[PDB]
Amino acid sequence: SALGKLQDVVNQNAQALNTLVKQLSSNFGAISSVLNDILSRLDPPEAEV
Amino acid sequence: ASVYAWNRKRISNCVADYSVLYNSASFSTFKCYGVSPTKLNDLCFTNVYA
Numbered sequence: 943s944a945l946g947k948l949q950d951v952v953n954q955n956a957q958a959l960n961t962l963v964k965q966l967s968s969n970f971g972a973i974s975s976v977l978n979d980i981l982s983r984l985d986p987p988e989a990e991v
Numbered sequence: 348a349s350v351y352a353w354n355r356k357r358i359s360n361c362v363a364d365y366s367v368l369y370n371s372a373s374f375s376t377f378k379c380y381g382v383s384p385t386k387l388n389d390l391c392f393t394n395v396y397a
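Listed in order, the protein sequences are those of chains B and A. Under the deposited numbering, think of the first position of the first sequence as 943, with each following residue one higher. Under the deposited numbering, think of the first position of the second sequence as 348, with each following residue one higher.
FYI, nobody ran anything at the bench for these hints, they're computed from the structure. In this text, a Cβ means the ideal position worked out from N, Cα and C, and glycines have one as well. Incorrect hints may have been included.
[Claimed, not checked] DEER-style ranges, computed between Cβ atoms:
| no. | chain 1 | residue 1 | chain 2 | residue 2 | range |
| --- | --- | --- | --- | --- | --- |
| 1 | A | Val395 | B | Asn955 | 56 to 62 angstroms |
| 2 | A | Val395 | B | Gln954 | 24 to 30 angstroms |
| 3 | A | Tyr396 | B | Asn955 | 45 to 51 angstroms |
| 4 | B | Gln954 | A | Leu368 | 55 to 61 angstroms |
| 5 | A | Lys386 | B | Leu948 | 51 to 57 angstroms |
| 6 | B | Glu990 | A | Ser359 | 32 to 38 angstroms |
| 7 | B | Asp979 | A | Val362 | 54 to 60 angstroms |
| 8 | A | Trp353 | B | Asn969 | 30 to 36 angstroms |
| 9 | A | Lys378 | B | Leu977 | 22 to 28 angstroms |
[Said to hold, decoys possible] Computed list of chain A residues with no C-beta within reach of chain B, every gap over 12 angstroms:
| no. | residue |
| --- | --- |
| 10 | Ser349 |
| 11 | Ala352 |
| 12 | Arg355 |
| 13 | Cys361 |
| 14 | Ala363 |
| 15 | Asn370 |
| 16 | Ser371 |
| 17 | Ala372 |
| 18 | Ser373 |
| 19 | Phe374 |
| 20 | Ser375 |
| 21 | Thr376 |
| 22 | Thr385 |
| 23 | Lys386 |
| 24 | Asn394 |
| 25 | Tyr396 |
[Said to hold, decoys possible] Not close to chain A: a few residues of chain B, all C-beta gaps over 12 angstroms, as computed:
| no. | residue |
| --- | --- |
| 26 | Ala958 |
| 27 | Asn960 |
| 28 | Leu962 |
| 29 | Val963 |
| 30 | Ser974 |
Looking at chain A on its own, in the form it has when it is part of the complex:
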């Protein structure tokens, strides 16, 4: 979508596996604020926004 009409997807009820996201090489920018990407596996979140 466009910038002024940016989409937002609700994420809930997941066994979230971020290892496949980390191991992919198609992303030029991979930056995280306050969370180590390798540590995303054990952590649990109440809700995730995309």
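Bound-form chain B, shown alone:
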């Protein structure tokens, strides 16, 4: 338990990166969270929406 001041530094970075990665599975209002389905499912005029 002595090295906590050094361990939390690693923990914070590891949590921040994990949270950044988890944000790719969000729709943000779109119809799908993966960019390939939108391109393979919608016409070019309305994919940009």
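For this one, chain B is given, so just place chain A on it according to the hints.
This is chain A only, laid out in the frame that chain B set:
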């Protein structure tokens, strides 16, 4: 059939060709939600309801 007794047909095990449906001119309303009609050919679905 009637509105309150609407039929439902199960569609499965198909080489589904929607080009003939698209090229027909007998339909006054041709509207699709979330799928481009020209792109229906390549896509694969687990089941289709009619």
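Can you name, in rising order, the numbers of the hints this structure does not satisfy? Violated hints (numbers, rising): 1, 2, 7, 22, 23 and 30; every other hint is consistent with the structure.
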